[PDB]
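Student: Residue-level listing of the chains:
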Amino acid sequence: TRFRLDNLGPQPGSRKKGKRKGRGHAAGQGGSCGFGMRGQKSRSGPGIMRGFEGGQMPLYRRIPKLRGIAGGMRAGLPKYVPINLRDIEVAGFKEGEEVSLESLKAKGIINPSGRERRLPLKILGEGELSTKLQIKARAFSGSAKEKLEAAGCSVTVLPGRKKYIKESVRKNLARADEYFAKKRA
Amino acid sequence: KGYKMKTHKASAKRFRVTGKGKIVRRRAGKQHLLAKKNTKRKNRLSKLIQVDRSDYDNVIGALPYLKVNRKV
Amino acid sequence: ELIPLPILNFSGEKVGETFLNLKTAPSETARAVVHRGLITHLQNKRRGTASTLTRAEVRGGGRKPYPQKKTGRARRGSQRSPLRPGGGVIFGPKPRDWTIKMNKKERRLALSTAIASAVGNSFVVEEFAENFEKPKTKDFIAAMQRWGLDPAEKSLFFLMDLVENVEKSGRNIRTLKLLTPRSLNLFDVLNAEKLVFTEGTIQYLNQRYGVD
Amino acid sequence: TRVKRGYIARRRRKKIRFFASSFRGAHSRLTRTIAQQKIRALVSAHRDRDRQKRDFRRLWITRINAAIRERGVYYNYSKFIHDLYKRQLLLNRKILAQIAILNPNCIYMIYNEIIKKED
RNA sequence: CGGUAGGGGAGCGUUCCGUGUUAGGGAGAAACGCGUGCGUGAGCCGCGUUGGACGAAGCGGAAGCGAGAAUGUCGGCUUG
RNA sequence: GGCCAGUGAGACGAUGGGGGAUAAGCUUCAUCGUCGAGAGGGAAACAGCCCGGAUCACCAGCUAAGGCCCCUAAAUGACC
RNA sequence: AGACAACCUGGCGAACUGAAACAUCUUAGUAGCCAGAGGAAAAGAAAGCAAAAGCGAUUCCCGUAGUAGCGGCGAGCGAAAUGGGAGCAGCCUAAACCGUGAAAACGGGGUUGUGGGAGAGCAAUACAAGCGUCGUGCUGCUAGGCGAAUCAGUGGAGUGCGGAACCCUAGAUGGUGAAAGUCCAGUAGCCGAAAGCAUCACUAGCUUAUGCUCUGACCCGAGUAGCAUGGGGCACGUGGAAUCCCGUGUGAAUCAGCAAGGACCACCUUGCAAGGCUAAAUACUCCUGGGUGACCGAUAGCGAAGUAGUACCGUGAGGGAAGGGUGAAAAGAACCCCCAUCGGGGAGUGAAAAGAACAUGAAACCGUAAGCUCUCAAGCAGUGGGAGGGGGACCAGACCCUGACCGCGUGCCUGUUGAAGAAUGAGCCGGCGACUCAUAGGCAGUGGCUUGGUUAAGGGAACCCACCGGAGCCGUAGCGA
Ligand SMILES: [Mg+2]
Ligand SMILES: [Mg+2]
Ligand SMILES: [Mg+2]
Ligand SMILES: [Mg+2]
Ligand SMILES: [Mg+2]
Ligand SMILES: [Mg+2]
Ligand SMILES: [Mg+2]
Ligand SMILES: [Mg+2]
Ligand SMILES: [Mg+2]
Ligand SMILES: [Mg+2]
Ligand SMILES: [Mg+2]
Ligand SMILES: [Mg+2]
Ligand SMILES: [Mg+2]
Ligand SMILES: [Mg+2]
Ligand SMILES: [Mg+2]
Ligand SMILES: [Mg+2]
Ligand SMILES: [Mg+2]
Ligand SMILES: [Mg+2]
Ligand SMILES: [Mg+2]
Ligand SMILES: [Mg+2]
Ligand SMILES: [Mg+2]
Ligand SMILES: [Mg+2]
Ligand SMILES: [Mg+2]
Ligand SMILES: [Mg+2]
Ligand SMILES: [Mg+2]
Ligand SMILES: [Mg+2]
Ligand SMILES: [Mg+2]
Ligand SMILES: [Mg+2]
Ligand SMILES: [Mg+2]
Ligand SMILES: [Mg+2]
Ligand SMILES: [Mg+2]
Ligand SMILES: [Mg+2]
Ligand SMILES: [Mg+2]
Ligand SMILES: [Mg+2]
Ligand SMILES: [Mg+2]
Ligand SMILES: [Mg+2]
Ligand SMILES: [Mg+2]
Ligand SMILES: [Mg+2]
Ligand SMILES: [Mg+2]
Ligand SMILES: [Mg+2]
Ligand SMILES: [Mg+2]
Ligand SMILES: [Mg+2]
Ligand SMILES: [Mg+2]
Ligand SMILES: [Mg+2]
Ligand SMILES: [Mg+2]
Ligand SMILES: [Mg+2]
Ligand SMILES: [Mg+2]
Ligand SMILES: [Mg+2]
Ligand SMILES: [Mg+2]
Ligand SMILES: [Mg+2]
Ligand SMILES: [Mg+2]
Ligand SMILES: [Mg+2]
Ligand SMILES: [Mg+2]
Ligand SMILES: [Mg+2]
Ligand SMILES: [Mg+2]
Ligand SMILES: [Mg+2]
Ligand SMILES: [Mg+2]
Ligand SMILES: [Mg+2]
Ligand SMILES: [Mg+2]
Ligand SMILES: [Mg+2]
Ligand SMILES: [Mg+2]
Ligand SMILES: [Mg+2]
Ligand SMILES: [Mg+2]
Ligand SMILES: [Mg+2]
Ligand SMILES: [Mg+2]
Ligand SMILES: [Mg+2]
Ligand SMILES: [Mg+2]
Ligand SMILES: [Mg+2]
Ligand SMILES: [Mg+2]
Ligand SMILES: [Mg+2]
Ligand SMILES: [Mg+2]
Ligand SMILES: [Mg+2]
Ligand SMILES: [Mg+2]
Ligand SMILES: [Mg+2]
Ligand SMILES: [Mg+2]
Ligand SMILES: [Mg+2]
Ligand SMILES: [Mg+2]
Ligand SMILES: [Mg+2]
Ligand SMILES: [Mg+2]
Ligand SMILES: [Mg+2]
Ligand SMILES: [Mg+2]
Ligand SMILES: [Mg+2]
Ligand SMILES: [Mg+2]
Ligand SMILES: [Mg+2]
Ligand SMILES: [Mg+2]
Ligand SMILES: [Mg+2]
Ligand SMILES: [Mg+2]
Ligand SMILES: [Mg+2]
Ligand SMILES: [Mg+2]
Ligand SMILES: [Mg+2]
Ligand SMILES: [Mg+2]
Ligand SMILES: [Mg+2]
Ligand SMILES: [Mg+2]
Ligand SMILES: [Mg+2]
Ligand SMILES: [Mg+2]
Ligand SMILES: [Mg+2]
Ligand SMILES: [Mg+2]
Ligand SMILES: [Mg+2]
Ligand SMILES: [Mg+2]
Ligand SMILES: [Mg+2]
Ligand SMILES: [Mg+2]
Ligand SMILES: [Mg+2]
Ligand SMILES: [Mg+2]
Ligand SMILES: [Mg+2]
Ligand SMILES: [Mg+2]
Ligand SMILES: [Mg+2]
Ligand SMILES: [Mg+2]
Ligand SMILES: [Mg+2]
Ligand SMILES: [Mg+2]
Ligand SMILES: [Mg+2]
Ligand SMILES: [Mg+2]
Ligand SMILES: [Mg+2]
Ligand SMILES: [Mg+2]
Ligand SMILES: [Mg+2]
Ligand SMILES: [Mg+2]
Ligand SMILES: [Mg+2]
Ligand SMILES: [Mg+2]
Ligand SMILES: [Mg+2]
Ligand SMILES: [Mg+2]
Ligand SMILES: [Mg+2]
Ligand SMILES: [Mg+2]
Ligand SMILES: [Mg+2]
Ligand SMILES: [Mg+2]
Ligand SMILES: [Mg+2]
Ligand SMILES: [Mg+2]
Ligand SMILES: [Mg+2]
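As they're listed, the protein sequences go chains A, B, C and D.
The opening position of the first sequence corresponds to residue 1 in the numbering used here, with each subsequent residue numbered one higher.
The opening position of the second sequence corresponds to residue 1001 in the numbering used here, with each subsequent residue numbered one higher.
The opening position of the third sequence corresponds to residue 2001 in the numbering used here, with each subsequent residue numbered one higher.
The opening position of the fourth sequence corresponds to residue 3001 in the numbering used here, with each subsequent residue numbered one higher.
A portion of the hints provided could be inaccurate.
Beta-carbon label-pair distances, calculated as ranges [unchecked claim]:
{"#": "1", "chain 1": "D", "residue 1": "3035", "chain 2": "A", "residue 2": "50", "range": "43 to 49 angstroms"}
{"#": "2", "chain 1": "A", "residue 1": "78", "chain 2": "C", "residue 2": "2056", "range": "49 to 55 angstroms"}
{"#": "3", "chain 1": "D", "residue 1": "3024", "chain 2": "A", "residue 2": "46", "range": "50 to 56 angstroms"}
{"#": "4", "chain 1": "C", "residue 1": "2102", "chain 2": "B", "residue 2": "1042", "range": "55 to 61 angstroms"}
{"#": "5", "chain 1": "A", "residue 1": "12", "chain 2": "D", "residue 2": "3059", "range": "52 to 58 angstroms"}
{"#": "6", "chain 1": "A", "residue 1": "108", "chain 2": "B", "residue 2": "1016", "range": "51 to 57 angstroms"}
{"#": "7", "chain 1": "C", "residue 1": "2185", "chain 2": "D", "residue 2": "3004", "range": "34 to 40 angstroms"}
{"#": "8", "chain 1": "A", "residue 1": "142", "chain 2": "B", "residue 2": "1016", "range": "28 to 34 angstroms"}
For the record, the hints were derived by calculation from the structure and aren't laboratory data.
For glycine and all other residues, C-beta sits at the position ideal for the given N, C-alpha and C.
Throw the hints in and build the complete structure from the sequences for me.
Tutor: Structure follows, in structure tokens:
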């Protein structure tokens, strides 16, 4: 029971031998090869387009384009990496531990790709967390931070990158705040 | 640089997929000539319908990158 | 480990015992894993050099019936084709690459399973490197025969070092393969009749492939 | 790796030709004809191994009818057989044909037993 | 347990590679010719008052891998 | 449901009908049988009528449809 | 100046085709043709990307991605930025000003961008870095040389076999009457260049060079940008159509400027067009030198293993074949006989005649001899029965050859509702001759991991391959334009 070049061999079923069409009848698909008699599908060469029915107006053409796509309204895209509390429970987090983004790559429960890399993090309530954790994320759902502050966890909300605003719009938006402030006081 | 399959684009502006993996489409005919179609009919033509099992082939064949479960 | 290994000094007496313990493929699929690993190895080795000419490569077309008989290549009224002699070759070989892929972990597994099948043969050695100074083949062969290796059967020396004297001294025996970890193949392990390790080597192998 | 067909063909052909030995004319010569002729031979063979089982019963019965008709004025094959059964004898038609030729007196006896008992 | 189009299962062979500078082989290999041999068959196994130097089995791998039809095609040879 | 084919020229026969001249081995539908893709026997021969659906061997036996003067298997049977 | 396979740049620039027709679109800025230069070419030192966080010339590979988009929104076409790698390199000039002239020129100064330079003053000075005649240098290339170790037996020949020995820093390879580490040429290893070539170092020399303060007046590439029109190209088909480049016509601004940031305007960020030049990473094979080959072996492999681009054919452009293997050694057969030569039969050479049209030598096809048999006969040629005759046996009751006479038996393929067809196809025989490969998508079968899985290019003692390489990618949330 030692291996050498000669006692080797594959597993039953692993490599199944291929049909060689056009050899013999008794074999397999001989003569016609399983293309039956004639006409377009038995002829050599590129077929007819996959989505095409005989010249009847094809299914895809007789149905109207999907809502937003149809005009060039940009498609909807995920803007956060959603995490539930389930995952944070299953993970090995001991008390006091910082969650953040980085420490979720550390334990691997999130593997970010390019688009996902460039993203922030958001927390979605599901499952019931038992521990006291220090959490950092750009956003939370309502049920999320409700369950978190119910369990005694500190919720650090990270600042998003400032939107540049020209000065005139700061003057407007501030004039507002001055109005509110002079009114309540 | 080999060749990779191309998504048939005119098929992908039409069909899409739901989270559980079934294909859906709009219904035909709510565009013009609505006045003479009753409201009830108009509502029926407003919703999203799962594509008939029959066509699943053609569709699937022309949208190779659509993630789809045929429920196996 | 379920079996010891003999450690022999340069004179051939038994100094000690070792244990080489590795990840084995579970007893059913062992054969197939190794097999696959091997197939892969040989098949990537291959260089597809076979080349033909298709119908469009072949020299000297014009599209017509031939005007006059070329003896052996055509007759008077016939159309040019693949079906002549000296015609193109339909579906002949073109230069390929044969290269396939396999999981790293799978690879490693084949290696381990092979080397762990080899424990019915293998010795260990006291790291002879110094005893060779001027390259001597005659000497190396002497040492072999003291260890119980017939310079016939194809044996494998897996060590850490290539000491130039050793390396050259073994360079000319067709049955020996002196392997660093740099070059270690499934192929050679499977091929070899007798396996031979140093101590440092056993320490290497039992670490890289060690079962946890 | 180019592969000439080599002998793989010629062997097959040869092993067919062996079959077709002693066919008159071009049936024993040309490969292409020989093929067909092989098939047809094999076919007739199969057919007539079935015909055979029909034809010897043909024969046997005929000979038996001849052998009996000699005794009585009014006696037949039909009559005979019916009489063999109502007397409970198992002899099949091959045996009665071969005993009709090769031991005639025996058949006379048998007839005398059927007669005695039907009496 | 009839079977065309057609689908599925189980196999045989050809040349080459691994084992392999293998077993065997001017005490005659391949091939060619033969068989009261064995296979459901593809074929295998045995034999040579031919032939004159290569090359199995097993366990695996790869294909310019199996012909009777193409007014196919190239040579050879008939008929008239 | 999944994977993945052919087929989308049908023929006659029984029956219900239409067109036609209650013409056509005509044509077009409807409900069935056989052929297609079915060998064997009966039909002189004879795709579509009758019997019957061929795993294979036998120099065994009983029957179906159909038959029993001679070619050619069986009664030159019986009684009206 | 001409020649030059492919690659490359520029110029002209199709059509069949796809769209199941076709006209926009596709094919494709492909082929072809012209011109041009190189061993690579081209591109290239931000009037660039980006987005409020940052990058830092060009090219090429992986990936983003068949995503954003474009499209008779049909057929189809199809990016980029971030990210990973390979590879790295930055420089000259115009103008202001100062010299010389009547100029046009020459000489100095001067070259940058979260601005520089000219102008006006005051400090620092020696090192650093870049280029390079001449020359012994180093190495390599273009001739070479030295180079270990065996004998006899075995039927033509021994390298095979049996039996003894030995070398190995050499067991690559080719040859030798027959397969060789030890017979030859060689290989490892080690030596060698008067002359020329090449990469490198050094090589007199030639080059450059800093520092701060004040000054918005002087410069910062004009028939240019832009605008109106006509187009072209950008993935992007006139579209809201930016950026890029061109015909016709108009036509600015100099840093308190100008351009870009996908109509446009404001604000901010980034950059400095209308002057040039530059190595590497990448593409290719008429070739040269090494290497390997699950490549061919005379119908194959180049069209060509012999006069091969020949013979031959064509006015010409152009087309374009065939013919390999006596033996180890010609030892190629003295001499006699038939005898005008060829050809033959002996003898002689040879292991064998293998005898020159010569190696194995299938089938068709042409015969010759021996066994049985046909001249009253109707037939896809056979088959089941087997009269009579003949042959090699050892299980002699069997096998083989022939075949009196009876029965049954409508060639094969293709293709059809259906064929023996008077339906197609094949003179015969032997060769060649067809669901292939690459890259993706889906499904199944097997493995491997599931402490989720996996690497791409890239690197590797040449390949393979250990070991790397987490950029990516797939699975972990959906709904909704
Ligand atoms: Mg295949
Ligand atoms: Mg099959
Ligand atoms: Mg056929
Ligand atoms: Mg098929
Ligand atoms: Mg056909
Ligand atoms: Mg069809
Ligand atoms: Mg076609
Ligand atoms: Mg297409
Ligand atoms: Mg619309
Ligand atoms: Mg969506
Ligand atoms: Mg993901
Ligand atoms: Mg999902
Ligand atoms: Mg509307
Ligand atoms: Mg389908
Ligand atoms: Mg051509
Ligand atoms: Mg060729
Ligand atoms: Mg070959
Ligand atoms: Mg072939
Ligand atoms: Mg006979
Ligand atoms: Mg049955
Ligand atoms: Mg069946
Ligand atoms: Mg079939
Ligand atoms: Mg074999
Ligand atoms: Mg072979
Ligand atoms: Mg041997
Ligand atoms: Mg033999
Ligand atoms: Mg061979
Ligand atoms: Mg055999
Ligand atoms: Mg075999
Ligand atoms: Mg020889
Ligand atoms: Mg073998
Ligand atoms: Mg063989
Ligand atoms: Mg081929
Ligand atoms: Mg032929
Ligand atoms: Mg003809
Ligand atoms: Mg011919
Ligand atoms: Mg129809
Ligand atoms: Mg019809
Ligand atoms: Mg048809
Ligand atoms: Mg009818
Ligand atoms: Mg009717
Ligand atoms: Mg009625
Ligand atoms: Mg009437
Ligand atoms: Mg009627
Ligand atoms: Mg009719
Ligand atoms: Mg009935
Ligand atoms: Mg049919
Ligand atoms: Mg039927
Ligand atoms: Mg019938
Ligand atoms: Mg009948
Ligand atoms: Mg019936
Ligand atoms: Mg039955
Ligand atoms: Mg009866
Ligand atoms: Mg009768
Ligand atoms: Mg009567
Ligand atoms: Mg020139
Ligand atoms: Mg010129
Ligand atoms: Mg040149
Ligand atoms: Mg066109
Ligand atoms: Mg056209
Ligand atoms: Mg095409
Ligand atoms: Mg078209
Ligand atoms: Mg068309
Ligand atoms: Mg280069
Ligand atoms: Mg250049
Ligand atoms: Mg720079
Ligand atoms: Mg610059
Ligand atoms: Mg990059
Ligand atoms: Mg780098
Ligand atoms: Mg740089
Ligand atoms: Mg200067
Ligand atoms: Mg700025
Ligand atoms: Mg400034
Ligand atoms: Mg100054
Ligand atoms: Mg020498
Ligand atoms: Mg020597
Ligand atoms: Mg000797
Ligand atoms: Mg020996
Ligand atoms: Mg010799
Ligand atoms: Mg040699
Ligand atoms: Mg050397
Ligand atoms: Mg200034
Ligand atoms: Mg202009
Ligand atoms: Mg305008
Ligand atoms: Mg304009
Ligand atoms: Mg345009
Ligand atoms: Mg534009
Ligand atoms: Mg720009
Ligand atoms: Mg841009
Ligand atoms: Mg502009
Ligand atoms: Mg232009
Ligand atoms: Mg200006
Ligand atoms: Mg900029
Ligand atoms: Mg400028
Ligand atoms: Mg510009
Ligand atoms: Mg510039
Ligand atoms: Mg340039
Ligand atoms: Mg030839
Ligand atoms: Mg040739
Ligand atoms: Mg030959
Ligand atoms: Mg003579
Ligand atoms: Mg004369
Ligand atoms: Mg003579
Ligand atoms: Mg003689
Ligand atoms: Mg002699
Ligand atoms: Mg010969
Ligand atoms: Mg007569
Ligand atoms: Mg006669
Ligand atoms: Mg006759
Ligand atoms: Mg007869
Ligand atoms: Mg008949
Ligand atoms: Mg007849
Ligand atoms: Mg017809
Ligand atoms: Mg015919
Ligand atoms: Mg027909
Ligand atoms: Mg017809
Ligand atoms: Mg032919
Ligand atoms: Mg004909
Ligand atoms: Mg083939
Ligand atoms: Mg296909
Ligand atoms: Mg494939
Ligand atoms: Mg696949
Ligand atoms: Mg699995
Ligand atoms: Mg790699
Ligand atoms: Mg590399
Ligand atoms: Mg590599």
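Student: All the hints need checking, so say for each whether the structure fits it.
Tutor: Taking the hints in turn, this is what the structure says about them:
no., hint, in the structure
1, D/3035 <-> A/50: 43 to 49 angstroms, "holds, 45 angstroms"
2, A/78 <-> C/2056: 49 to 55 angstroms, "holds, 50 angstroms"
3, D/3024 <-> A/46: 50 to 56 angstroms, "holds, 54 angstroms"
4, C/2102 <-> B/1042: 55 to 61 angstroms, "holds, 59 angstroms"
5, A/12 <-> D/3059: 52 to 58 angstroms, "holds, 57 angstroms"
6, A/108 <-> B/1016: 51 to 57 angstroms, "violated, 31 angstroms"
7, C/2185 <-> D/3004: 34 to 40 angstroms, "holds, 36 angstroms"
8, A/142 <-> B/1016: 28 to 34 angstroms, "holds, 29 angstroms"
The structure is inconsistent with hint 6 alone, although it conforms to all the rest.
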